[PDB]
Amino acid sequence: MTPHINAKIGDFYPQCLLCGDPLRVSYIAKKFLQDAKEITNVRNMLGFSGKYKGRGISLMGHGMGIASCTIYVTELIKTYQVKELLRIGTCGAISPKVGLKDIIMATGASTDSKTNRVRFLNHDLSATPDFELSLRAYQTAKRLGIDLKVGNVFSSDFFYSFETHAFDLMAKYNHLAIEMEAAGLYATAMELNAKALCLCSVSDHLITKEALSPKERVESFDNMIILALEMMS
């Protein structure tokens, strides 16, 4: 076992979809998987194993923030032998290159965290996803007719930012959106030789203040779920 997961070793398939919100994980298990079994529930952070088009797939919640994400991803890789980790979530757009309902593939994750300096010699770690996984996402999106937006995201320790004046500067350097875990997902997978990728759905635009209707939010997140499950099968 671990302190944060009470699944049996072997309960997880080697491919795992992750979301910060464990109720979104539950929703995916119930709506999209066949024969879905809840396999962990410590701290109400739910994980499941089921089948998608006959393919075994696991789902796991990771909470909010780099430190929370790093706990679960570390345990999934080191204890539960998970090999491929696809994070899907929402993000707040900061770039004119993206709009509401877009799906972003993060080919880099910048951060205001100290975690990668602590990991990496007090230097600048370029936190990046597995290239083959990003290729698979691109080819699957084209097959599904999804216009995948590709660029960096900014992973913040702050949901309520003290640096909103800086969003334009991040957009200048090709940061399409802000979220709070990708840099930790990527650095952990890099450390532990696992394949990881982050996709995020634009439900809010932090510049133009636009926001999706609650029904639209379900629809756009559903399209992201289908993309994720298709690239893992």
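So that the term is clear: the rigid core is the largest set of C-alpha atoms that superpose within 1.5 Å between two forms. Residue numbers count along the first chain shown, from 1. Shifts are known only where both forms have a C-alpha. What changes on going to the form deposited in another entry:
Measuring CA movement between these two forms with the rigid core aligned, the set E210, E219, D21, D11 has one residue at 2 Å or more: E219.
When the two forms are overlaid on the core, a lone consecutive residue run of 3+ whose CA positions all differ by 2 Å or more between these two forms maps to 213 to 220.
The form deposited in one PDB entry done, now the form deposited in another entry:
If you are looking for partners or other molecules, they are not here, because only the chain is given.
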């Protein structure tokens, strides 16, 4: 009964899948969950609880940007007793080690945000996922025959960047792609002693310019969705 989530308390299962687009959340709930109840809908930010192979599973939209993401993650932990957080979303590749439709497992989320220096003594916080969840992700991907790409992402405050000249430097330092949430998700989960991991699917390549099409965007990612559901059942 927070300001951004109106679900009743208890309505969230201790395992939540996270994605930035509430319409993508509705799609997951309506295609992969059995008896999926919409439990929260403040600001059109939809959240659901259902079953996946008889296992109780929650979904929640988090919007775009570290600040938006931090709002919903914080409330899910502190009020709705969510213990494991699994985020999926797109990203723009910057590394030749990956290409369109690769699924990336963020074992680190660098950032141009000041948020973590505010959290952390104005020093460098290495925002990382929970290693247990990363182990389940790997084993689940190996099981499903998914070639999981593993490395850092860069979480930026900007979709339209003013440092495109820096993408090669980032790529060199093992940053496979750029998105806008992971470094906040990982900090919030570290702060509040929760388990979290981020997975993202290349939809665009910012160096090689390859960019998919509007409806490979709607089907290329069921692979990642299934991976996340499988590693929670």
